[PDB]
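In the block that follows, a single chain appears as structure tokens, in the form solved without the ligand.
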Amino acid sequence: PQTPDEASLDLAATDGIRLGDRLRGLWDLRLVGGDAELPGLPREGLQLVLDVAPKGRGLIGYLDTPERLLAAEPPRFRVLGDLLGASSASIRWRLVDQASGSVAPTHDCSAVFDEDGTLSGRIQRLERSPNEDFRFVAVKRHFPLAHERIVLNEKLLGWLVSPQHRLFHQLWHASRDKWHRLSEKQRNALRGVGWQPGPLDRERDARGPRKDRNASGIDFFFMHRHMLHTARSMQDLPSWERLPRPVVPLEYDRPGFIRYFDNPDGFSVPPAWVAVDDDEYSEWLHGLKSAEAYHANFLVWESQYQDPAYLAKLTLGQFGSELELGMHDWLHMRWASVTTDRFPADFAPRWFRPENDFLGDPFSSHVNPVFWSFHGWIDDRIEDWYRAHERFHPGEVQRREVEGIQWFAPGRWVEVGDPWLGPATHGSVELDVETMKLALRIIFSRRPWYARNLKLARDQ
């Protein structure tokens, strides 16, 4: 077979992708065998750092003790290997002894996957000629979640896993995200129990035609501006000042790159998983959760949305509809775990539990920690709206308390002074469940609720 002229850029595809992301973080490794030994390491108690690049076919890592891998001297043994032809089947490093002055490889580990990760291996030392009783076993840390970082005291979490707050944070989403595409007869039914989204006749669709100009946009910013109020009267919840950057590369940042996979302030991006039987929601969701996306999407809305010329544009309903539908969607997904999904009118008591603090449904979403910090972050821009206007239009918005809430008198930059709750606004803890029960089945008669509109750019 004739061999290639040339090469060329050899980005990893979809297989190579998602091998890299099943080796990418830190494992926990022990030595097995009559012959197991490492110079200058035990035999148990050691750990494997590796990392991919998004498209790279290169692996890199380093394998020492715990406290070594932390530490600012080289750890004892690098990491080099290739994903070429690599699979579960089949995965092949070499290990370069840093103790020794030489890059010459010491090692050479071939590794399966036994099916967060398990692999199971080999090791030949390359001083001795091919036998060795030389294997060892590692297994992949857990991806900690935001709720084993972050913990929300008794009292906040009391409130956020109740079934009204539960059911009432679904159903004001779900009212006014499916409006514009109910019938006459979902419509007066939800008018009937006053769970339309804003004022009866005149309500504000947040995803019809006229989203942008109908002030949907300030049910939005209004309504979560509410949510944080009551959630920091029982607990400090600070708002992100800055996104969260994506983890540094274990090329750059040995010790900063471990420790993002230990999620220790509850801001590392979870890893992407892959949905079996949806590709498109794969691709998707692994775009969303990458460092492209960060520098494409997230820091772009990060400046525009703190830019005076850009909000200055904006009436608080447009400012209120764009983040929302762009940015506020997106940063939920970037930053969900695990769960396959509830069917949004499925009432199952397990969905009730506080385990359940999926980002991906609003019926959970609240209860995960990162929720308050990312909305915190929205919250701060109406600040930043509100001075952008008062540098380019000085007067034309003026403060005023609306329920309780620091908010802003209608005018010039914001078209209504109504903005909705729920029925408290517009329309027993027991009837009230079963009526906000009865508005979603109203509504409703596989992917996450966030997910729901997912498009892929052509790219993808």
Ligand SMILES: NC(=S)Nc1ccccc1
Second form
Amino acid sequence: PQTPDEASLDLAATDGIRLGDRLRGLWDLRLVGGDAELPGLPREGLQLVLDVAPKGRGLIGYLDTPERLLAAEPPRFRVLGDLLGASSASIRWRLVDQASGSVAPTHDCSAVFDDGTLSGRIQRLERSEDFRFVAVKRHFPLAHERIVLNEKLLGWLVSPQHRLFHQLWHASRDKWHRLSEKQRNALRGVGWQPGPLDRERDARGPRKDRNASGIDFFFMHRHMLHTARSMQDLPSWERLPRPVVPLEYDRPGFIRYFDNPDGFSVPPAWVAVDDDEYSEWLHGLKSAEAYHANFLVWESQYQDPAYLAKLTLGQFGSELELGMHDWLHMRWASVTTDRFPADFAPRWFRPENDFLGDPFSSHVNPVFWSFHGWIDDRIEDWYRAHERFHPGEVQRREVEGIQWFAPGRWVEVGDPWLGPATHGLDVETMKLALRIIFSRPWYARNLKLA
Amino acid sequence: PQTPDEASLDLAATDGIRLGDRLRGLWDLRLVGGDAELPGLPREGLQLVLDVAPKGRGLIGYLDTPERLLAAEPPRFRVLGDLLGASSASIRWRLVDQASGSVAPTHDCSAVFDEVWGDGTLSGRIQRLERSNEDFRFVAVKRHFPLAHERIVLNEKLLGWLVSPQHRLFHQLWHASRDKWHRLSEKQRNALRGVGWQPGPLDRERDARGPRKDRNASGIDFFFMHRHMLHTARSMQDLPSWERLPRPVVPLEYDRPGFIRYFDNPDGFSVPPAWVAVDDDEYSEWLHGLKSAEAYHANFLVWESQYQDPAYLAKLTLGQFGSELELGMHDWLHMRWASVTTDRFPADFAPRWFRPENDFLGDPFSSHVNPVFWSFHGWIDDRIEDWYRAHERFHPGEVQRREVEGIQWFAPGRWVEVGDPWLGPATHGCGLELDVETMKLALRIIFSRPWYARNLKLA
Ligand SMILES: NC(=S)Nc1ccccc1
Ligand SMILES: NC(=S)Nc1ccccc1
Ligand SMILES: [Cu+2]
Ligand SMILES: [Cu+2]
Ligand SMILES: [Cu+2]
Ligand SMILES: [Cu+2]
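Having seen the form solved without the ligand, please provide the structure of the form solved in complex with the ligand.
Complete assembly follows, chain above in first position.
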């Protein structure tokens, strides 16, 4: 059986990528057995930090005390491994004693899986032993464990009135293009048609860019921000959070990231069982490649005077909702089996349900307010932009107590849709409208691979 | 026409990868025109640092004095742009005034890119966004990527040995004979047996690239000759091994001073950026790949691991390891640290090709002249030690040390297929210092993309 003639670029395939994702991050570690000792280190309260490049086959990391992995000087032990033919059943790496002035490995580690638990064996290489270890991968903390929404704001956000309102508001305009004339007349009869009667602004139909649906998108969220901000200080993201710094370049910055210290760390992609298309899609929008290919591209375009100045507010809103907005939700989504849109079991109403993937829960997420603020601030760049390329042709005006814009060349309509209040407990009306409409999570429904 | 229904992962295609490559790095910059001034900044002696992710469509960077771009505190101006619809005709970015405590753009920049025939030219007009007709222009020359010899200096004595016709022709011919052996006619082979240039023992030659290359002990010849070349080289200059393979460049986003340094190649070990070969997209994609950070993480780090893993090494005879390391990592280490040089043909012996300038890592006629060659061959050599230790662990005594042709080596055994390593005619010549004209002749018998590009495959 002949050996290879040459090397080829050998990027991790699915199994390597997912195994790397299981490994990547910070692990609590203890040594076990009568022979189990590393020189100058306790047997317990150790930590193991591991990293693998998005398509890496190589495994790096460090093994020291928690205060030392966070410290400036080199950790006592460095991990060097690789993941060739490695899986849940065999994971091998060497340790290097960085205090010994040699990179020659001092230990051969092997580990097995039984957010994940490694049971492992170490062999001293100076020997030709009962030396095991147990490693428990640390919790990736949820935004709610790090940005506290106060009792007043949270009470409003989790209320049935508000959960159902946010869902129905999205659902009516999202589905309108596909709804039968019988469905449309039902919604009209209970005041939940998306915008002006017999002239509705479907968000997802063939004319979505030109019908002014985009203005509804910007306005409703500006209105929601205005209310939320009256009860609590919720500053906008100035800049989109950068992907995690690789372990090789800033070991302490890499480790802090996994503590989600500001609530803005990207929660790791989860494997959706029996849906590989969903699994790849999610993996990609949560990736560093996606930041540089899509997210940074939006950050630049939507602060480019020449780019914004080519668009009506309607066109701008439609573009930003259809692209950046579903991607902001799933990129910052931590894990929920997804609630069916017309299921009003009491448990779905509890403060714990803050799933970014569903407008029923999305607004309960602290991170929702940070990127909706960034979105809302882009409306000011678009106005500055028209004020540059088209002075006077866009005019300010107050609408429903909210600073806004009068109709014009660049503002297709002046009656923005907030549901029945602008264009018409009875929480029951909204249940009935959701049921009429409905007869993978919400922000995963339009997924497309490249 | 209909707007998209959804976003999709929109990775850079070839033209956008290549543009980002032309943009990436440190540029010397001047402002020019009547109204051309940036707050707190001189008109001349400015630098512009750009980065784009390997498949990134976004453009980031900074504009301040050279001292400030290396400083801890934030640069005065920050670049944000994207390359959608961009080309050599139109690159656009906004500037952000980091002293302003606003991220709203203060300036709109429009640029044209020219190849040179510095390392490219960026030029065009800047508009103050505060203003509701100004002469505001700039020119940015990209700084040259410094070559390894401009950084690590091989001393007069050593340089003389390396550039000599004797040594260049030895190196090319030693590879060519064993690399081509399995393709050569019986007539070409007898001719080479004729001048004592057959690869190893007469009528039992160890071809390096034939179907039994892993099991015919060719591996030992590979390891032994480089070890022999290392001992000689090291007698004339301290040439320490790499302990660890250099990491890819730290992205600008995470370490701005580290990114800028990398492009000065300050230790001679920075990865010279890829060049486009005309009419050869297969070769251009290949070279781009093995210079990529993906390659580091996909292949180089894996080799770094495998060849220091006792359990991996202990499965292998010295010659299995030789064949395996040469055919994968060795040819890839050359071309990853290869800087730009038409490439010299094997049979062309023009004086100009002998100049010390000719240190191209892609051709054994020149590779040994590159300083970086001695760093990675020292590293290869050092893994022979990991391989010995590995056998002392799993097979104690089953491998024994032994001095051979003056060199600390290894006695033939279960795990050392042969005791007669091939240095050339000195050790195996049975024909009918080395003669230069005999070497030229041998190369003509064998030769009836650069050398280390000849066995490229894509995935
Ligand atoms: N960890 C995840 S979400 N898995 C995955 C699935 C397909 C492709 C790449 C990665
Ligand atoms: N700069 C180079 S070598 N070009 C290139 C070619 C194909 C794919 C990616 C990049
Ligand atoms: Cu939203
Ligand atoms: Cu919403
Ligand atoms: Cu070589
Ligand atoms: Cu060589």
